[PDB]
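Just one chain is shown here, as structure tokens, and it is the form deposited without its partner chain.
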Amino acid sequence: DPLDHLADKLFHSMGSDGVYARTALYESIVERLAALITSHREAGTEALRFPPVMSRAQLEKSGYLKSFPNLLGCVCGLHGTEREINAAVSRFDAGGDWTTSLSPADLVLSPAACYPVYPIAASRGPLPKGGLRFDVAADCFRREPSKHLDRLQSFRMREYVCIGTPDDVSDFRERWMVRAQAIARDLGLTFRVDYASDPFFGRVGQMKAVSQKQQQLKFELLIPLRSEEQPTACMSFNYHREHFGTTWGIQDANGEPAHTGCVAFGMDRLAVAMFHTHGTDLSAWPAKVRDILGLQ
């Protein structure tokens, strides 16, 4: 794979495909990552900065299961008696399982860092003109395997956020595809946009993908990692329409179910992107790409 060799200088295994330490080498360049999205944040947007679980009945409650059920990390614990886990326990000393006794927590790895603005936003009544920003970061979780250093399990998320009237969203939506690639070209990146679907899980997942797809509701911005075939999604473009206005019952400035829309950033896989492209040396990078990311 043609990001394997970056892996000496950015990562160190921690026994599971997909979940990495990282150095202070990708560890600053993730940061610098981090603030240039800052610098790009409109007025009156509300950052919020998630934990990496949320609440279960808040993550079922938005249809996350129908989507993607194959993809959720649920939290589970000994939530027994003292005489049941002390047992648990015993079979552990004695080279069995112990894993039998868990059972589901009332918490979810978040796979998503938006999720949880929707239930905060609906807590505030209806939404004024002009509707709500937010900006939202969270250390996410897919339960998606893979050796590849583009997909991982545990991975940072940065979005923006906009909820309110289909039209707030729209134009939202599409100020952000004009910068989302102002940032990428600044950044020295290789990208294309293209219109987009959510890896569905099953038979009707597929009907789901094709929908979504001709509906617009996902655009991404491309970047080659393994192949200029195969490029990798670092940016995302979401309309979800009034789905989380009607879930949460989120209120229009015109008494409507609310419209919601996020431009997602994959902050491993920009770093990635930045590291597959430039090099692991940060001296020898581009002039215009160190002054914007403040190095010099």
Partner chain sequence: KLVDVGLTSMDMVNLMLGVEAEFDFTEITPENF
Given for the second form:
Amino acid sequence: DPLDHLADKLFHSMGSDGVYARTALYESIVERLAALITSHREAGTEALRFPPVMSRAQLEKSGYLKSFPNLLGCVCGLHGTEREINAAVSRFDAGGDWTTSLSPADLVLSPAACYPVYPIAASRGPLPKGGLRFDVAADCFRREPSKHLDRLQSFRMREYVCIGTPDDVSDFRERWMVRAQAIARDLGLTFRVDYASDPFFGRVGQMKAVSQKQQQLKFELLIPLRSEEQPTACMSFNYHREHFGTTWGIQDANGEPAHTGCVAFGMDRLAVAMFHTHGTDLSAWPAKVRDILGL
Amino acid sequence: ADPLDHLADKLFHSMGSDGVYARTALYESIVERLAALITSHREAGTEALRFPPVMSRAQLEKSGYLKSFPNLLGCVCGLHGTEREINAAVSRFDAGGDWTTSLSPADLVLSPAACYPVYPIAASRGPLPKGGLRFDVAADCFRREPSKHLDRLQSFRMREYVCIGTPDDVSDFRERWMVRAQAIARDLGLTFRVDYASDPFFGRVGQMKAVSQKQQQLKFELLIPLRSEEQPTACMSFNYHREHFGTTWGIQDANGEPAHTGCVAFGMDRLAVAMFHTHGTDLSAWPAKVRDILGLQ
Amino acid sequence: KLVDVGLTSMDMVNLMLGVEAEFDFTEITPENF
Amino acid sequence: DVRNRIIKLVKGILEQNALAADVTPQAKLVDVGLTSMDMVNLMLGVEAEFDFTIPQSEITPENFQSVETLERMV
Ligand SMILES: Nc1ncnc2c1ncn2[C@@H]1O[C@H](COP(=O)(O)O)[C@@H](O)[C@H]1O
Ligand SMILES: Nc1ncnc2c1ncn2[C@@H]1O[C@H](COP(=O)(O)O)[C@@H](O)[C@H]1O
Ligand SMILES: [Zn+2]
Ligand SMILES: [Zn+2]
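Having seen the form deposited without its partner chain, could you now give me the structure of the form deposited with its partner chain bound?
After this comes the whole thing, all chains and molecules, with the earlier chain placed first.
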């Protein structure tokens, strides 16, 4: 793979595909990218930071199982008695299988940063005029093992989320599609923005994706890393219509089920994109790129 | 009501699960300033690694975690079956049933401490150089201990400096960090004591593992009275592992002997909550010297 | 445009179901819809 | 009576699996050289030599400081 050469300076193996330790070099660029994204945050945007786990009940209610059940990471634990747990450990000691004593907790690993924000927004009552905007971030998980450096299981996601009328969300997405491209341009990245679809599971899934594409509910900023025919999506721009509004009983200022949308930044994909484009030697990065990153 | 509960309004939002909370901007600004403070004390030659919130299950099993805290471990499970089996599971969910019966373990767990992945990484580099290796590691960690107390979370940030070398390397390292950690706590305006301690080893036998750990003085904690002087909160620990990880991972010091390891661990969320409980939630009202140390100006 | 008509995701889903039901057939792309 | 004399034996017994030292009733078990695995085996070598189960509130550094304190315990 064309990205493979970056591994030595950016990552250390943690004995599992798609799960890597991050070097100081790598993390310094993730941090600078995070700071750059923050500097573009719209006024009146509330910042929340989510842990890498969230309520399994909230995720189920959001309809995640209808869409990507194959990607979900669930938290499980030894929830039994001292006696049963001791027996699980004994099995392990004999080289047997302790994992049969596992049962699901009430938590999942969060598959996107925005999911926990909707119930939080709902609890505040009806939306003000102009809606609400959130700046959210989480370490996310997706059960898709791969050796490609742009396809991780554990990765950092940053999102700006808009909740309001169709117009509020539409205007928000349009601002951010322009703004995202300006950012990528100042970062010296090559890209295009194109219609896209989420990888819905199953036969029925395939068709949901076709319809999503036709309705243009999802755009991606695609950067050609390994090839120009197989570019990597490093940002997405998502319109959910009233799905979360209806699910969580969120009402806009005109008493209608709120619409929602988000702009998502894949922090690890953007950092890998930067190192691939500009190399691992930061002193040699282009002057304007070093400038806009505060290097 | 627990003495920390008043802090919830300004620091956290409910995520529908005890010990798992959304962090407000106010709260995160302080966690970030604390992290930066700790970084400013990093020793030269210390290698900085950042770990994700999951790690290899095989590596954690090998490290002996199940013999010690099987009850605290969060494992990753997923739907690893065929498309038919997965569709059926989702359909049971639709029909009032339990889809989780189709779950099976992945090869990952949620990391219970930040330093666990560092030992295999160190081991892969061959024998240690004279003086050993020092690492600066951080991870979002997980411990399966649901609680409503704001100083007892299920998901929390841990920052550690780790020493791998001879017994003398590690003891010198721990001694210096115990002095430095206390100076940091004083600069932060925190009230604390340092005391011998033990890990909560599971089960009957575990209580004895803990006794021995206390007796051998393998573990100190910096303890901050948050709800009471009699039940203080451990916000940092200073841990000596003797040769446990060295033997486990076949790490050899410069003398050809199994390496000893130790670490100083900072509980970032406990420290943050400690700061807010001590100085209150209005940052402009914090002591000027504390504000200076944290670079708030 | 089948989408300009007013067919959304659940509509298009039920649409792929109706074609498989009326005739006897059961890949799925944007072009053909 | 001879409880103390047996406790000094099971300690030397555990030490036999490694190396020997000077065992006395006032010496700290940890200064003798007992480690966590040693202390665990000893908790059970005391339960097997006296056929009883040690209470949880008695699994303490206090009772397990020395042979003398273990003696007073059992
Ligand atoms: N498996 C993955 N590895 C790394 N980054 C990812 C992965 N999946 C998604 N991302 C990033 O997260 C963003 C949002 O994800 P999505 O919700 O699938 O559009 C994407 O545009 C990518 O930048
Ligand atoms: N449940 C928890 N919630 C918050 N912080 C924790 C928790 N468990 C441990 N910590 C922090 O992590 C540090 C190291 O953990 P330990 O390995 O148990 O010594 C402690 O000193 C605490 O500051
Ligand atoms: Zn989102
Ligand atoms: Zn550690």
